[PDB]
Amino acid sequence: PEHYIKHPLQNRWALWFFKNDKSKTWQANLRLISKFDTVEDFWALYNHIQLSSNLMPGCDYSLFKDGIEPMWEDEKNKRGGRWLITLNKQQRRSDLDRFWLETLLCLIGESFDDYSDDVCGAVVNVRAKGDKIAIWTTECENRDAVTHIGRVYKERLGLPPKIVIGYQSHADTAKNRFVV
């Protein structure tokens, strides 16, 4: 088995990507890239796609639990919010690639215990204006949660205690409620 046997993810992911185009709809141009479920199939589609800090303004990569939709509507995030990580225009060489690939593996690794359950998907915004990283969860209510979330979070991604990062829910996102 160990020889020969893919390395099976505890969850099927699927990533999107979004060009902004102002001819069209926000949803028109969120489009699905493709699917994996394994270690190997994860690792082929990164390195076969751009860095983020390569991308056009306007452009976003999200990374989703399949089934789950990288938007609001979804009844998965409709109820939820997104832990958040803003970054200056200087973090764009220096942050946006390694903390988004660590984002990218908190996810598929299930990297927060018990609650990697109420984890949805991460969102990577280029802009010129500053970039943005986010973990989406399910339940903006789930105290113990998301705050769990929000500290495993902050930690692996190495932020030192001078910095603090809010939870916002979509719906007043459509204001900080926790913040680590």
The other form holds:
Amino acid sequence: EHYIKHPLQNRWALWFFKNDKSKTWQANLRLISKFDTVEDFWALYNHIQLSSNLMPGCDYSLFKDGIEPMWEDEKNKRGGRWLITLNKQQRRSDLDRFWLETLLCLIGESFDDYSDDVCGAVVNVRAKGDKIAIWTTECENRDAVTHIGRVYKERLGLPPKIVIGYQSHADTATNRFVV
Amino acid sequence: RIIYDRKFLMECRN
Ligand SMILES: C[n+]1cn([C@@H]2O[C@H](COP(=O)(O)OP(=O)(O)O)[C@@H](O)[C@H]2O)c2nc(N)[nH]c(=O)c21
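Alongside the form deposited without its partner chain that was just displayed, please also present the structure of the form deposited with its partner chain bound.
All chains and molecules follow, beginning with the one already shown.
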């Protein structure tokens, strides 16, 4: 309306996961905060601990308001994601870098109308290696999934061929595309 | 639709 802060296309929610051993996986999802302007985004990001400092078994998740960072959500069950793989040795030099860029593609609606298909993103820190992915609503939407992946790989700056794949959440639970 | 540039988003931290 009057631009004292710059509005975002969507309100986003940042989630935290702690690899607990006495609750259902779904019960351990913990919400950090929600925001809907660019300035509020930066105040949260700048304050909370960076991804590279997450203890193994924990995650960060950024999803559109109302979509829980889990497969069962109605917006994720038929979807899937583009996955970026990182060995543990890249944690202090690449993880945060790739995470922030991922976050900027989301709040900035970087995939044109195809950003509507985006649900959120997740970064996983594991002793065996780390992961960063963007979740889309329909692994059946070829044109949207494809476009999302092209731009994303370009935004990350990944070499001509690191080759990143897209798998449906269903498979992961029990590549449909590459770029 | 509200779209923002990589550069503009970076400028908004100030
Ligand atoms: C993302 N996710 C992970 N899990 C559970 O968490 C386990 C850990 O999977 P992960 O955290 O995605 O990666 P990791 O195996 O390298 O640690 C999965 O095998 C499931 O038991 C999940 N379980 C449910 N019900 N829903 C989810 O969305 C979901």
